[PDB]
Amino acid sequence: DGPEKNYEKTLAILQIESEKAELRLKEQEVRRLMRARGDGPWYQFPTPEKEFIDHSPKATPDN
Amino acid sequence: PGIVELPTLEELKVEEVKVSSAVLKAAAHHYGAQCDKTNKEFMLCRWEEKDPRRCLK
Numbered sequence: 081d082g083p084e085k086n087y088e089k090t091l092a093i094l095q096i097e098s099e100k101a102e103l104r105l106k107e108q109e110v111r112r113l114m115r116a117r118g119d120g121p122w123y124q125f126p127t128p129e130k131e132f133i134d135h136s137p138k139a140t141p142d143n
Numbered sequence: 001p002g003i004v005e006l007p008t009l010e011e012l013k014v015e016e017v018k019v020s021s022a023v024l025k026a027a028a029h030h031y032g033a034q035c036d037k038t039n040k041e042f043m044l045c046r047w048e049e050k051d052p053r054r055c056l057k
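Chains as they are written, first to last, in the entry's author numbering: chain h, 81 to 143; chain X, 1 to 57.
If you're looking for bench data, these hints aren't it; they were derived computationally from the structure.
We treat Cβ as the ideally placed atom computed from N, Cα and C, and that holds for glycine.
Check the hints yourself; a few may be wrong.
[Stated by the list, open to error] A partial selection of chain h residues facing chain X, derived with a Cβ cut-off under 8 Å:
1. 137
2. 139
3. 142
[As the list claims (entries may be wrong)] Derived DSSO-like pairs (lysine-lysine); straight-line CA-CA distance at most 30 Å:
4. 50/X - 40/X
5. 40/X - 18/X
6. 57/X - 25/X
7. 50/X - 18/X
8. 100/h - 89/h
9. 50/X - 130/h
10. 37/X - 25/X
11. 50/X - 25/X
12. 37/X - 57/X
13. 50/X - 89/h
14. 138/h - 37/X
15. 40/X - 100/h
16. 50/X - 13/X
17. 13/X - 25/X
18. 13/X - 40/X
19. 40/X - 89/h
20. 138/h - 57/X
21. 106/h - 130/h
[To be verified] Here are the in silico distance ranges between beta carbons for each label pair:
22. 11/X - 143/h: 52 to 60 Å
23. 118/h - 24/X: 25 to 33 Å
24. 20/X - 136/h: 28 to 36 Å
25. 55/X - 115/h: 44 to 52 Å
26. 132/h - 39/X: 30 to 38 Å
27. 19/X - 136/h: 30 to 38 Å
28. 31/X - 135/h: 30 to 38 Å
29. 111/h - 5/X: 28 to 36 Å
30. 5/X - 105/h: 56 to 64 Å
31. 135/h - 6/X: 46 to 54 Å
32. 136/h - 10/X: 32 to 40 Å
Only chain X is shown next, with the shape it has when bound in the complex:
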C-alpha cells in the first residue's frame, strides 16, 4: 500500500574511485589506518540504521 521512497539519480551522482582490485588490495592496510574514522562512522550508520537511504552522505 505504501509507496517506497528512493533517492534521485543526482542524489547518487558521485566522483567514483575508478580503481581496480589489486591496486586496492595493496593499499588496504594503509586505507584501514588513514580514512578509518569516516569508514567506521559509515559502518555504524549502515548497521545501526538498516536503510541505505538514510546514509548516502
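The shape of chain h in the complex, shown without the other chains:
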C-alpha cells in the first residue's frame, strides 16, 4: 500500500493509547477523592433506613 498507511495508523494508535493513559490516571485520582470524601456516587456506604421509623403518636409525649 505505502508509507502513509503505516504512519497515520501509528498516529491513530498513539492517540488511542495516550487517551487511555490519561483516563486511567484520571480514574485513579477520582476513586481517591470519592473514597476520601463521599461526595460522589461511588463508595457511598449504607446508612440506616429512614422509612421504617414510626412517626405516629406514641404512648408518652416525650418519645
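Got chain h; can you put chain X on it based on the hints?
Coordinates of chain X only, in the frame set by chain h:
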C-alpha cells in the same frame, strides 16, 4: 454547653386536688365528659409541644 431553663417554685405552686384514687375512679366517667375541653387542650399541647415547660398553665 447550653444551660437548661426551668420554672421557679412559684411557677408550679398550685392548688392541688389532694384526692385519692377510688374517689377518682368513681368520678372518672363524669370527669371525662365534663372538663374534657381543657384536658384535651392540655394533651394536644403536651404532645404537639414535647416540653412540659411550655405547658404549665
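Against the structure, the hints come out as follows:
Because the closest C-beta pair between residue 137/h and chain X is about 6 Å apart, less than 8 Å, the hint holds. For residue 139/h, the interface hint is violated, the least distance from its beta-carbon to any beta-carbon of chain X being 10 Å, above 8 Å. Contact between residue 142/h and chain X, as hinted, is supported at the beta carbon level, the nearest pair being about 6 Å apart and thus within 8 Å. Proposed proximity of residue 50/X and residue 40/X is supported: the alpha carbons are some 15 Å apart, at most 30 Å.
For the given pair, residue 40/X sits about 22 Å from residue 18/X by alpha-carbon distance, which is consistent with the 30 Å threshold. Restraint check for residue 57/X and residue 25/X: satisfied, since their Cα atoms lie roughly 25 Å apart, inside the 30 Å limit. This hinted pair checks out: residue 50/X and residue 18/X have alpha carbons roughly 27 Å apart, not beyond 30 Å. About 17 Å separates the Cα atoms of residue 100/h and residue 89/h, which keeps this hinted pair within 30 Å; it holds.
Annotation: proposed proximity of residue 50/X to residue 130/h holds, straight-line Cα distance about 22 Å (limit 30 Å). Proposed proximity of residue 37/X and residue 25/X is supported: the alpha carbons are some 19 Å apart, at most 30 Å. For the hint linking residue 50/X to residue 25/X, the alpha-carbon distance of about 28 Å falls within 30 Å, and the restraint holds. Using a Cα cut-off of 30 Å, the hinted pair residue 37/X and residue 57/X holds, with the two alpha carbons roughly 14 Å apart.
Of the pairs offered as hints, the one joining residue 50/X and residue 89/h is violated, with about 75 Å between alpha carbons and a cut-off of 30 Å exceeded. As the CA atoms of residue 138/h and residue 37/X are separated by approximately 21 Å, the hinted pair is consistent with the 30 Å bound. Straight-line distance between C-alpha atoms of residue 40/X and residue 100/h comes to about 71 Å, which puts the hinted pair past the 30 Å bound. Restraint check for residue 50/X and residue 13/X: the C-alpha separation of about 22 Å stays at or below 30 Å, so the hint holds.
Using a Cα cut-off of 30 Å, the hinted pair residue 13/X and residue 25/X holds, with the two alpha carbons roughly 25 Å apart. With a C-alpha separation of about 22 Å, the suggested pairing of residue 13/X with residue 40/X holds against the 30 Å cut-off. At most 30 Å may separate the alpha-carbon atoms for a hinted pair to count; residue 40/X and residue 89/h exceed this at roughly 86 Å. Pair hint residue 138/h plus residue 57/X holds up; C-alpha atoms about 23 Å apart against a cutoff of 30 Å.
Between the alpha carbons of residue 106/h and residue 130/h the distance comes to roughly 35 Å, so the proposed pair goes past 30 Å and is violated. At about 25 Å, the beta-carbon gap between residue 11/X and residue 143/h misses the expected band of 52 to 60 Å. The hinted window of 25 to 33 Å between residue 118/h and residue 24/X is violated, with their beta carbons roughly 57 Å apart. Taking 28 to 36 Å as the suggested C-beta distance range, the pair residue 20/X and residue 136/h conforms, at roughly 34 Å.
Between residue 55/X and residue 115/h the Cβ separation comes to about 49 Å, which falls inside the hinted range of 44 to 52 Å. At roughly 33 Å, the beta-carbon separation of residue 132/h and residue 39/X lies within the given 30 to 38 Å, and the hint holds. For the hinted restraint 30 to 38 Å between residue 19/X and residue 136/h, the CB-CB distance of approximately 33 Å keeps it satisfied. Between residue 31/X and residue 135/h, the C-beta spacing of about 31 Å keeps the proposed range 30 to 38 Å intact.
The given range of 28 to 36 Å is broken by residue 111/h and residue 5/X, whose C-beta atoms sit roughly 50 Å from each other. At roughly 58 Å, the beta carbons of residue 5/X and residue 105/h sit within the given window of 56 to 64 Å. Take residue 135/h and residue 6/X: their Cβ atoms lie about 29 Å apart, and the range 46 to 54 Å is violated. With their beta carbons about 37 Å apart, residue 136/h and residue 10/X fall inside the hinted range of 32 to 40 Å.
In summary, the numbered hints that this structure violates are 2, 13, 15, 19, 21, 22, 23, 29, 31.
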